[PDB]
Amino acid sequence: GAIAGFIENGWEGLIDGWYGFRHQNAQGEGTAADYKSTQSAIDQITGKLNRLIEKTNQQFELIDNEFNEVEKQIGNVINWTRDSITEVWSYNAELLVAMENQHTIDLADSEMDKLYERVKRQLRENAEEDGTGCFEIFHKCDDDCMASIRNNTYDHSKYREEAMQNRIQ
Amino acid sequence: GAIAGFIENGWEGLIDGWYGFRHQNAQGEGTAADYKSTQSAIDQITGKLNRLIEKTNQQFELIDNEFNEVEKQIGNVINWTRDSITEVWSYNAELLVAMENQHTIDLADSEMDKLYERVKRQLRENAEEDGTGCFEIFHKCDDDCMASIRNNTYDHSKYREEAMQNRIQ
Amino acid sequence: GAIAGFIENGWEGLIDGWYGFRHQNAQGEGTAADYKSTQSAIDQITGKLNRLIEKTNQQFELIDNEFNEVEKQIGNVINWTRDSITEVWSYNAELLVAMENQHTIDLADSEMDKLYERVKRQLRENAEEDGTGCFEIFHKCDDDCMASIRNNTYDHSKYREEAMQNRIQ
Amino acid sequence: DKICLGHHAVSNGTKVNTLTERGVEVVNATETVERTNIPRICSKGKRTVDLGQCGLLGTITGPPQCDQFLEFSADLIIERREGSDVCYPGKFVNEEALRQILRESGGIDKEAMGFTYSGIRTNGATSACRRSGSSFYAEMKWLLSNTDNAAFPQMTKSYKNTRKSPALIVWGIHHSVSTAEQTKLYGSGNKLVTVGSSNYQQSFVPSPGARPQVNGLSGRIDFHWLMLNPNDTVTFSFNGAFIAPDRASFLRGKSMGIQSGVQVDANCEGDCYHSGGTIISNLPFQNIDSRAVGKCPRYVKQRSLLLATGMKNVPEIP
Amino acid sequence: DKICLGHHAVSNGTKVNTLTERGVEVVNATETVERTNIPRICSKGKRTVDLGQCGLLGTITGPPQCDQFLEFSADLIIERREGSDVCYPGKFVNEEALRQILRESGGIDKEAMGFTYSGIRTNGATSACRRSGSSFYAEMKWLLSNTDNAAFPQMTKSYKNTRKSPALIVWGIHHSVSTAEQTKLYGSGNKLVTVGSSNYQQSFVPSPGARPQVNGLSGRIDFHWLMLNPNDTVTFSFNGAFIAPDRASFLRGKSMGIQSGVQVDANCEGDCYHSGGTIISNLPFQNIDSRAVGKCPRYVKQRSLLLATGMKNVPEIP
Amino acid sequence: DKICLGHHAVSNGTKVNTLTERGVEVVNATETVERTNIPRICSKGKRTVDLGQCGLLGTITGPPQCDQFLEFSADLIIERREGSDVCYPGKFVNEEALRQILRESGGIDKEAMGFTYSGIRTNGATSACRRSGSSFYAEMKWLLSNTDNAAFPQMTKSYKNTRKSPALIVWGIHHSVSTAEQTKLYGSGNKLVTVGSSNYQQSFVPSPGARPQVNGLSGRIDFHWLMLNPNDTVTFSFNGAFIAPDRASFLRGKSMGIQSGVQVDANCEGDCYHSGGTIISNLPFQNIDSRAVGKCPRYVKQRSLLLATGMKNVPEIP
Ligand SMILES: *[C@@H]1O[C@H](CO)[C@@H](O[C@@H]2O[C@H](CO)[C@@H](O[C@@H]3O[C@H](CO)[C@@H](O)[C@H](O)[C@@H]3O)[C@H](O)[C@H]2NC(C)=O)[C@H](O)[C@H]1NC(C)=O
Ligand SMILES: *[C@@H]1O[C@H](CO)[C@@H](O[C@@H]2O[C@H](CO)[C@@H](O[C@@H]3O[C@H](CO)[C@@H](O)[C@H](O)[C@@H]3O)[C@H](O)[C@H]2NC(C)=O)[C@H](O)[C@H]1NC(C)=O
Ligand SMILES: *[C@@H]1O[C@H](CO)[C@@H](O[C@@H]2O[C@H](CO)[C@@H](O[C@@H]3O[C@H](CO)[C@@H](O)[C@H](O)[C@@H]3O)[C@H](O)[C@H]2NC(C)=O)[C@H](O)[C@H]1NC(C)=O
Ligand SMILES: *[C@@H]1O[C@H](CO)[C@@H](O)[C@H](O)[C@H]1NC(C)=O
Ligand SMILES: *[C@@H]1O[C@H](CO)[C@@H](O)[C@H](O)[C@H]1NC(C)=O
Ligand SMILES: *[C@@H]1O[C@H](CO)[C@@H](O)[C@H](O)[C@H]1NC(C)=O
Ligand SMILES: *[C@@H]1O[C@H](CO)[C@@H](O)[C@H](O)[C@H]1NC(C)=O
Ligand SMILES: *[C@@H]1O[C@H](CO)[C@@H](O)[C@H](O)[C@H]1NC(C)=O
Ligand SMILES: *[C@@H]1O[C@H](CO)[C@@H](O)[C@H](O)[C@H]1NC(C)=O
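Chains A, B, C, D, E and F, in that order, are what the protein sequence lines are. Under the UniProt record's numbering, think of the first position of the first sequence as 343, with each following residue one higher. Under the UniProt record's numbering, think of the first position of the second sequence as 343, with each following residue one higher. Under the UniProt record's numbering, think of the first position of the third sequence as 343, with each following residue one higher. Under the UniProt record's numbering, think of the first position of the fourth sequence as 19, with each following residue one higher. Under the UniProt record's numbering, think of the first position of the fifth sequence as 19, with each following residue one higher. Under the UniProt record's numbering, think of the first position of the sixth sequence as 19, with each following residue one higher.
Errors might be hidden in some of the hints.
Taking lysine-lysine pairs in the DSSO-like style, the calculated list, with each CA pair at most 30 Å apart, reads [unchecked claim]: (1) D:109 with D:178; (2) F:62 with B:397; (3) F:109 with A:414; (4) A:414 with A:456; (5) C:456 with A:456; (6) E:109 with B:414; (7) E:62 with C:397; (8) F:159 with F:178; (9) E:272 with D:319; (10) C:500 with C:378; (11) E:272 with E:109.
Rather than coming from a laboratory, the hints here were simulated on the basis of the structure.
Take these sequences, add in the hints, and give me the full structure.
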C-alpha cells in the first residue's frame with residue numbers, strides 16, 4: 343500500500359491535470375493536480391500548435407494541364423522541378439515533426455523536474471528523497487499541512503525542530 | 343532589505359557580466375560578476391553568429407528580364423519555380439531563427455544552473471538553499487570569505503564545525 | 343593517488359562501456375561500467391543513425407544532356423533550378439548534422455547526470471558530494487558494498503547510523 | 019508521512035517519432051498532414067463560371083458552345099474535360115500560354131475591330147459549327163473569293179488598341195483538304211498572310227493536304243494570337259485562306275482557374291483546389307494532390323505525421 | 019571510502035560541428051556524405067543494353083550502327099559518346115524530348131506500316147550508310163522520281179494505329195545540295211510534304227543549298243516525329259524530298275537511361291548512376307555528381323559532414 | 019550571512035520568437051534579414067561598362083549607339099532600359115538566350131569574315147541608322163541588286179572558324195513593306211536564304227507586307243544567330259533580302275550582367291546586385307529583391323527575423 347511519484351511510472355488516476363501531488367498521512371491518501379506547472383506545459387504546447395497553423399499567403403496557379411498534356415520537354419522539366427520540391431517539403435515536414443516532438447517531450451520532463459525541485463526547496467531540511475519522486479516527511483503533516491505545500495505556503499521553520507530530531511535519531 | 347538570486351527575477355544592476363554573485367554580510371551588500379560562466383555563454387552565442395555569417399560561393403545569374411518580358415510559358419515556369427524556392431527559404435529562415443533562439447535561451451538557463459550547482463557543492467554542508475537562488479550560510483563569512491567562494495578557493499573544512507552547530511541548533 | 347569522476351575529465355581506461363563507476367576502499371581501487379545507462383545512450387544514437395538511413399523511393403531521370411548540350415534558354419533554366427535546389431540540400435545537410443550533433447552531445451551529458459543523481463539518491467544521507475563527480479562515503483564500504491551500489495541493491499538504512507555519526511563528528 | 023510528485027498517463031497511448039526513437043508513445047497527438055478531401059468546388063464568395071463544354075480558348079473565338087461566355091466575368095474559372103475550344107477542327111498555337119493568361123484574367127471584355135470588306139464573301143460557314151443552321155465562329159469571319167475559283171484580292175486591314183490595357187488579338191489560317199479545294203475557295207496562286215505589329219512580326223502560309231476526318235471534315239483552322247500594346251497597331255495583309263477576327267479581347271482583372279471533374283457548391287467556402295475537389299484545412303501539409311492550386315498547405319509524400327500534443331506516456335506500475 | 023561516476027574518453031578524438039561550436043571533439047563520428055564511387059555500371063538484376071556506336075534515336079530509323087537494337091528490350095539503357103543517330107548527315111527535330119521518351123520506354127516494338135508505291139523508285143541509297151554496299155536507313159525509304167529529272171507524282175499514304183498504345187512515327191525531309199540536285203532526284207517545281215493527324219498538323223518544305231561536307235556529303239536529312247494515338251491515323255501527302263517510314267515504333271514498358279563512359283558489371287548491383295559510375299550507399303548525401311540519376315542520395319556542396327556517434331570527448335587529467 | 023546567484027537583465031528588452039513562445043523578451047537580439055540597400059552599382063575592383071543606349075545584342079550588329087562597345091571588355095555589364103539593339107526596326111530571334119550568353123562573355127572580340135561580292139551593291143543604308151548621314155549596321159552589309167528591280171544573282175559565301183573558341187555568327191533577313199519594294203531592291207521571284215553548318219540547318223524566307231511605322235519605317239530586319247564550332251564552317255546561299263555579316267564575334271572570358279536604373283560607384287565594392295542597387299551584407303537573408311544576382315543572401319518573404327544574442331530578460335522584483 344505504498345505510493346510512488348515520477349521516475350518509473352505515471353498516474354492514470356490523475357485526470358484533472360498534467361502534473362500533481364500524491365500524499366499519504368494519518369487521514370489517508372490523496373491526489374491533487376498542480377495548476378501552474380500544468381498550465382505552463384499546455385501554453386508551450388499550444389504555442390507550437392499556433393505556429394504550425396500560420397497559413398501562407400503565397401498563391402500558386404496551374405503550370406501544366408491534366409486534360410491536354412503539355413510539350414514533353416517543358417513538361418518533364420516541370421515534373422522534375424515539382425518532384426524535387428516535393429522531396430524537400432517531405433523532408434522538412436518529417437524533420438520538423440520529429441524535432442518538435444523531441445522538444446515537446448523534453449520540456450514536459452523539464453516541468454516535472456522544476457516542480458520536484460521546488461517542493462524539495464520548500465521542505466528544506468525537514469524531508470529526504472526516497473528515490474521514487476517522493477519525499478519522506480520527518481514530521482506530522484496533516485491534510486492541512488499537505489495543502490500548505492501544494493499552494494507554496496509551507497513554512498519549514500515551523501516543523502524544523504521536530505523533523506531534524508526524527509532525522510538524526 | 344533582503345536579497346534574492348535567480349528564480350523569479352534578474353538583476354538590472356549587474357552591468358559588468360551576464361552571471362554574478364550577490365552577498366550580504368556584516369560589511370554590507372555586494373554584487374560581483376562571474377567571468378568563466380559569462381564568457382562560456384558569450385562564446386556559445388557568437389559561435390552561432392559566425393555560423394550564420396558563412397557566405398555562399400554560389401553565384402546566380404539572370405534567368406529572365408524586367409525590361410523585355412520573356413515568353414509567357416517559360417516565364418510562368420520560372421516565376422513558379424522562384425516562388426516555390428522563396429517559400430522554402432522563408433520557411434527555413436523562420437524555423438532556423440525560432441530554433442536557434444529556443445536553444446540560446448536554454449543554454450543560458452543551463453549556465454545559470456551550472457553556476458548555482460557549483461557553489462552549492464563548494465559550501466557542502468555549511469549552507470542551505472532558501473529557494474530564491476541564494477544560500478543561507480550558517481557561519482560568519484566576511485568579504486574575504488565571500489571572495490573565496492567567487493574564485494573557488496573556499497575550503498568547507500574550515501567552517502564545517504561552526505556551520506553544522508548553527509544548522510542543528 | 344586520488345580519484346575523480348566527471349566534471350573536468352573523462353576516463354581513458356573505461357573501455358567496456360560509456361558510463362561507469364570508480365571506487366577506492368581498503369581493498370584498493372576499482373573501475374566498472376554501468377550497462378543500463380550505456381545502453382540507453384547507444385540505443386538513442388543508433389536511433390538517429392537508422393533515421394538517416396531511410397532511403398528515398400523518389401526516382402529521377404535525366405533532364406539534360408552532357409554529350410549534346412540542350413538549348414541555351416531551357417538549359418540555363420534547368421541549371422539555375424538545380425543549383426537552387428543544391429543550395430537547399432547543402433543547407434539542410436549542414437543544419438541537420440549540426441543540430442543532431444548538438445543533441446547527441448547533450449543527451450550524453452544528460453545520461454551522465456541521471457546516473458549521478460541516481461547514486462546520490464541511493465546513498466541518501468550516508469554520503470556527501472566532493473564536487474568532482476564523486477561521493478565521499480562516511481562508512482566502511484567493502485568491494486561487496488560497492489557492488490551493491492552498482493546494481494542498485496544498496497540499503498541506506500543498513501549504514502545510516504554509522505554514516506551520520508561520522509558526518510556530524 | 020509522505021508526499022509524491024507525479025504526472026498523468028493513459029492506456030490510450032499514441033505513437034509518434036522523434037530524432038532518436040521511432041514509435042515512442044505520448045499521451046496525446048494530432049495530425050499535421052491533411053487527407054480529408056471535399057469532393058466539390060467550394061465557390062461561396064467567389065464569382066464562378068463552369069464553362070462545361072466551352073473550352074477556355076473558345077471564349078475568344080466563339081464556337082456555339084461558348085456563346086454564353088463571350089464576355090464572361092469571374093473570380094473562379096472552371097475547365098471541364100468535355101470542354102472544346104473548337105467547332106471546326108483545329109487547334110491554337112501556343113495554347114497553354116494563352117490558357118494560363120485567361121485563367122487569371124477575371125474574364126474578357128470584347129470590342130469590335132471594325133473591319134470592312136469589298137469584292138469578297140464573309141459568310142463562310144460550316145456544318146461543324148451548327149447554330150440553328152450551318153454557321154461559323156462568332157467572333158471570326160471566314161473570308162472567301164466571291165463565286166468559285168475566283169481570284170481573292172490582296173487586302174490590308176489594320177486596328178489600333180485605343181485603350182489602356184493590352185488587346186488580345188486572334189486570327190486563323192485555314193488549311194484545305196486539297197489545293198483543289200483551296201483554289202475553289204480563295205482562287206489559285208500561292209497564299210500568304212502577314213501579321214505586323216511594333217514588337218511582333220510573323221508570316222503564315224496555308225498547308226493544303228489530306229488529313230483524317232474530324233467531325234466529318236479534313237480541313238483545319240489553326241488559331242494564332244498576340245497581345246497588342248496600348249496605342250500600338252496590328253496590320254493584316256493577306257490574299258486568302260484567312261480567318262479574320264471581328265472583335266478583340268480585353269482582360270477584366272484578376273482570377274484563378276482550375277480543372278475539375280466535380281460539382282460546384284456555393285455554400286462551402288474554400289481557397290485551395292484540385293481536380294477532385296477542395297482542401298479546407300489549418301494543417302501545414304497535405305497528401306491529396308501535388309498539383310493543388312490556390313492558397314494551399316504544402317504537398318508531402320507521407321500520409322501521416324503525428325505531432326505530440328502531450329507528454330511521454332509512462333504506464334503506472336500495478 | 020569513495021565512489022566516483024564517470025564517462026569514457028579517448029586520445030583518438032574526432033572533430034565535428036554543432037550549432038555553437040566548430041571543431042568540438044567527440045569520441046566517435048561517422049560520415050554522412052558519400053564520395054566513394056564505383057567506376058562501373060552495376061547492372062546485376064537489370065536487363066542492360068550498351069548501345070555503343072548506336073545513338074538512341076538511331077534505334078528508330080535504323081542506321082547500320084543500330085541494326086542490333088531495332089527492336090531492343092531493356093531495363094537499363096546506356097548511351098555512349100561515340101553513339102550516332104545518323105549515317106546520312108542530319109539531325110532530329112525535338113531530339114531531346116524524344117530521347118527522354120525512349121530512355122524510359124523499356125525498348126521498342128516495331129510494326130510494318132504497309133506503304134506501297136507506284137511510278138517511283140524506293141531504293142534510294144548512299145555511300146554514308148554502307149551496309150555491305152551503299153544502303154540507307156533500315157526503317158526508312160528514300161523515294162525518288164524514276165529515271166532522272168522526271169516528275170515525282172503527288173502521293174497520299176495513310177496509317178492507322180490499331181493498337182492500345184501510342185505509335186511513334188518518324189519521317190524525314192531531304193535537303194539537297196542544290197536545286198539542280200533536287201530536280202535531278204524529285205523533278206522540278208516547289209516541293210511540299212504535309213503530315214496530318216487528329217491532334218497534329220504541320221507542314222514541311224525542303225531547303226536545298228550548299229552546306230559543309232559531313233562524311234563527304236553536303237546533303238541533310240532532318241527527321242521529325244509524332245506520337246499517334248490509338249485508333250487515330252496519320253496521312254502523308256507529298257511530291258518529293260520525302261523520307262518515308264517503313265515501320266512504326268511502340269514502347270515496350272518502363273526503363274531508365276543513362277549516359278556513361280565507364281564499363282558495365284553484371285555482378286555489382288546498383289540503383290544510382292552517373293557518367294563516371296555507380297553510387298552504392300546508405301548515406302543520405304553524396305558529393306560525386308549533381309546530375310546523378312536513379313534512386314540517389316541528395317547532392318551537396320560539402321565533401322564531408324561528420325555525424326557524432328559518441329559523446330563529447332573530454333581528456334583525463336594526468 | 020547570505021550569497022545569491024543571479025543573471026543580468028534590462029528594461030530595454032527586445033522580443034523574439036521561439037518554437038513555443040511568440041514575442042518572448044530577451045536581453046539582446048540582432049537582425050538576420052537585410053533590408054538596407056545601396057542605391058548604386060558598386061563597381062570597385064570590377065571592370066564595368068554602362069551600355070546606356072546601346073542594347074547588349076547591339077554590340078554584335080553595331081547600330082550607332084553601340085559603336086563604343088563593338089569590341090568591349092568587362093567584368094560587370096550593365097543593361098539600361100533606354101538601351102536598344104536596333105536602329106533599323108527589327109528584333110533578334112532567340113534574343114534572351116543570346117543576352118544570357120553575352121552577359122557572362124567578358125566582352126567580345128570581333129574578326130573579319132572576309133566576304134567579297136560582285137555584280138551587287140553593298141552600300142545599303144537607311145535614315146534610321148544615321149551616322150553623320152544615312153548609314154547601316156556597322157558589322158553588317160545590306161545587299162541590293164545593282165540598279166533597280168534588277169535581278170539579284172544567286173550567291174554562296176562561306177566562313178571557317180580557325181580559332182579555338184566558338185564563333186558568334188549573326189545574319190539578318192529583310193522584310194520589305196511590299197512585294198513592290200522587295201522587287202525594287204532585290205528583283206522579282208521568290209527569295210530564299212539558307213544557312214548551313216555541321217550541327218545546324220535552317221531556312222529563311224522574307225515576308226513582305228504592311229506593318230506599323232517604327233521610326234517612320236514599315237520595314238523589318240529580324241536577326242538570327244548561331245555558334246560556330248572550332249574548325250567548322252558556315253555557308254550562306256542566298257538571292258536577295260539578306261543582311262550579311264562583315265565580322266564574327268568571339269567571347270573574351272567571364273563576366274556578369276545586370277539590369278539597373280541606378281548610377282555606378284567605383285569606390286564602393288559589392289558582389290550582389292539588383293535593378294535598385296547593391297546589397298552588401300553578412301546577413302544570411304534579405305528582403306529587397308527576389309531576382310537579385312551575383313553572390314547574394316537568400317531572399318525571404320519576411321522583413322525581419324530577430325536572432326537572440328542574449329538570455330531571456332526577466333525583470334527585477336522591485
Ligand atoms: C489532444 O490533442 C488535440 C489537439 O491539440 C486536442 O484537441 C483540441 O482541443 C481544443 C480545445 O478543446 C480545440 O481548440 C478549438 O479551436 C477551434 C478553432 O480555434 C475552436 O472553434 C474550438 O471551439 C476549440 O476551442 C482544438 O481544435 C482541438 N484539436 C483539434 C485537432 O481539433 C485535445 O484536447 C487533446 N486531448 C486532450 C485530452 O486534451
Ligand atoms: C564509431 O561509429 C561507427 C558508426 O556508427 C561504428 O561503426 C559501426 O559499427 C556497427 C557494428 O559494429 C556497424 O553495424 C553493421 O551494420 C551492417 C548493416 O546492418 C551489418 O551487416 C554489420 O554486421 C554491422 O552489424 C556499422 O555499420 C558501423 N558503421 C559503419 C559506418 O560502418 C563504430 O562502432 C563506432 N566506434 C566504436 C568504438 O563503437
Ligand atoms: C547586442 O547584439 C549585437 C549583435 O551581436 C552586439 O553588437 C556586436 O558587437 C560586436 C563587438 O562590439 C561587433 O563585432 C564587430 O565585428 C566587426 C567585424 O568582425 C569588427 O570590425 C568590429 O570591430 C567588431 O569587433 C558586432 O559586429 C556587433 N553586431 C552588429 C550587428 O553590429 C551587441 O554588443 C549586443 N549588445 C551588448 C550589450 O553586448
Ligand atoms: C508529369 O507528371 C505526371 C504525373 O504522373 C505524368 O502523368 C505526366 O506524364 C508528366 N508529364 C510529362 C510531360 O511526362
Ligand atoms: C514573373 O513575375 C513577375 C513579378 O511580378 C511578373 O511581373 C511577371 O509578369 C512574371 N512573368 C510572367 C511571364 O508572367
Ligand atoms: C549547365 O551546367 C553545366 C555544368 O557546368 C554547364 O557545363 C552547362 O553549360 C550548363 N548548361 C547551359 C545550357 O549552359
Ligand atoms: C499613339 O500613336 C500615335 C501614332 O499612331 C503616336 O504619335 C503617339 O506617340 C502614340 N502615343 C500617344 C500617347 O498618343
Ligand atoms: C476507331 O476509328 C473509327 C474510324 O476510323 C471510329 O469510327 C471509331 O469510333 C474509333 N474507335 C473505336 C473504338 O472503334
Ligand atoms: C579541320 O577541318 C578540316 C577540313 O576543313 C578537317 O579535315 C580537319 O579534320 C579539321 N580539324 C583539324 C584539327 O584540322
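Consistency of the hints with the structure:
1. Using a Cα cut-off of 30 Å, the hinted pair residue 109 of chain D and residue 178 of chain D holds, with the two alpha carbons roughly 26 Å apart.
2. Of the supplied pair hints, the one linking residue 62 of chain F and residue 397 of chain B holds, its CA atoms being roughly 20 Å apart against a limit of 30 Å.
3. Distance hint between residue 109 of chain F and residue 414 of chain A is fulfilled; the C-alpha atoms sit about 28 Å from each other, no more than 30 Å.
4. A C-alpha spacing of about 62 Å is found between residue 414 of chain A and residue 456 of chain A, which places the hinted pair above 30 Å, so the restraint is violated.
5. The suggested pairing of residue 456 of chain C with residue 456 of chain A holds, with an alpha-carbon distance near 15 Å, which does not exceed 30 Å.
6. Restraint check for residue 109 of chain E and residue 414 of chain B: the C-alpha separation of about 28 Å stays at or below 30 Å, so the hint holds.
7. Between residue 62 of chain E and residue 397 of chain C the CA atoms are separated by roughly 20 Å; this keeps the pair inside 30 Å, and the hint holds.
8. The hinted pair formed by residue 159 of chain F and residue 178 of chain F meets the criterion: a straight-line CA distance of about 19 Å does not exceed 30 Å.
9. This hinted pair checks out: residue 272 of chain E and residue 319 of chain D have alpha carbons roughly 22 Å apart, not beyond 30 Å.
10. Using a Cα cut-off of 30 Å, the hinted pair residue 500 of chain C and residue 378 of chain C holds, with the two alpha carbons roughly 25 Å apart.
11. Taken as a hint, the residue 272 of chain E and residue 109 of chain E pair is honoured in the structure, with Cα atoms around 26 Å apart against an allowance of 30 Å.
Checked against the numbered hints above, the structure breaks only hint 4 and satisfies the rest.
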